[PDB]
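The form deposited in one PDB entry is given below as one chain in structure tokens.
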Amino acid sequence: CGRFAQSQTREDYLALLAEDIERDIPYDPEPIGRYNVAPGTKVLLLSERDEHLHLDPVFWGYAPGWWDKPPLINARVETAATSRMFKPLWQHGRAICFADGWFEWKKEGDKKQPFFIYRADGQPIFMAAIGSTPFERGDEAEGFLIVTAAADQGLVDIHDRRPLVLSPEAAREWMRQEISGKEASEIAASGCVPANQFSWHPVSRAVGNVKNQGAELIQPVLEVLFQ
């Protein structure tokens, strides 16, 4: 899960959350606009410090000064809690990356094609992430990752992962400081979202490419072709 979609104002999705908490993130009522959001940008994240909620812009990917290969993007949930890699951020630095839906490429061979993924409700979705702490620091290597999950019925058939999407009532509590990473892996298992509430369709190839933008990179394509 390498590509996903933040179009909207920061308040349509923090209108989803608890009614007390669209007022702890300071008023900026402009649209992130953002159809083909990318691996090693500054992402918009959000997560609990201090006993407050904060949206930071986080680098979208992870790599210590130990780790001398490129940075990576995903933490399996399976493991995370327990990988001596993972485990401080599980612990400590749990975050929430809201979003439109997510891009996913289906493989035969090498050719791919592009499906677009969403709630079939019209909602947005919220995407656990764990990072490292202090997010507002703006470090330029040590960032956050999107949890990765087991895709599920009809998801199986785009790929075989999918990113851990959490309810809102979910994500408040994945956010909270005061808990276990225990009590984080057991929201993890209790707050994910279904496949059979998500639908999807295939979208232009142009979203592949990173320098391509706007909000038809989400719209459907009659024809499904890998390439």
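Take the two forms, superpose them, and find the largest set of C-alpha atoms that agree within 1.5 Å; that set is the rigid core. Residue numbers count along the first chain shown, from 1. What changes on going to the form deposited in another entry:
Among the residues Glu108, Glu140, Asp152, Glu136, the single one whose Cα moves by at least 2 Å between the two forms, once the core is superposed, is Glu108. Taking 2 Å as the criterion, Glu11 does not count as shifted between the two forms: its C-alpha moves by less than this amount when the rigid core is aligned. With the core held fixed, the Cα of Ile21 is displaced between the two forms by 2 Å or more.
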Second form
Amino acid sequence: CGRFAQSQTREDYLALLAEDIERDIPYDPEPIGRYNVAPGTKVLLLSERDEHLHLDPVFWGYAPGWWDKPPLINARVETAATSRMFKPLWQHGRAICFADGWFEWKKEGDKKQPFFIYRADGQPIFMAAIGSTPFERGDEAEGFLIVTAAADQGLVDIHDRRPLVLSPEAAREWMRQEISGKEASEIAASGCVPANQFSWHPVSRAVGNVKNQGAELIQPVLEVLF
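Alternative state: the form deposited in another entry, after the form deposited in one PDB entry:
Left out here are the partners and the other molecules; the chain alone remains.
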């Protein structure tokens, strides 16, 4: 849950969530073009304020002033809503990070083989996020985290954790400022997309290097050639 692709146009993602009347996001036809989004970079993050959807470049990571380790990048759904650290973000800082799919590395001895994981039905993914409002300040230490859940079904062959992916409908409800943390916990349970909805394949080891951002990084490869 530490790398993903966000490569298509804003409309390609937003059209599944809300029409223009609900948005406060300028039209922009350029593909985002990032096939290898990494922690510590700013990522276009979707949230609701002033009864409209906003898209802000937000630091992927969370390190308050009292935190001494590298920034956290994930928050476990099992505990985030009641965590002393994450409860306020669960209440007030919910957001959505849309993506084409995400990457996980499978341990194969002393080597690690990357896989790209995506929806079999060809929709983008809407990953549940929590973070530090106001997002538009562009903070470089207190940004957002991707909420995670336990891997299910065949994904356990790759890694024991996965992002919490919500249906489009659930993603829209998750962002609403009017709903409580308890209601958000219900949405996170009812809207989670199960592992049987995902497909995956090995990809090139080149995704390990964040200099690489091109479309080839999500193409299937033979492991024997790596």
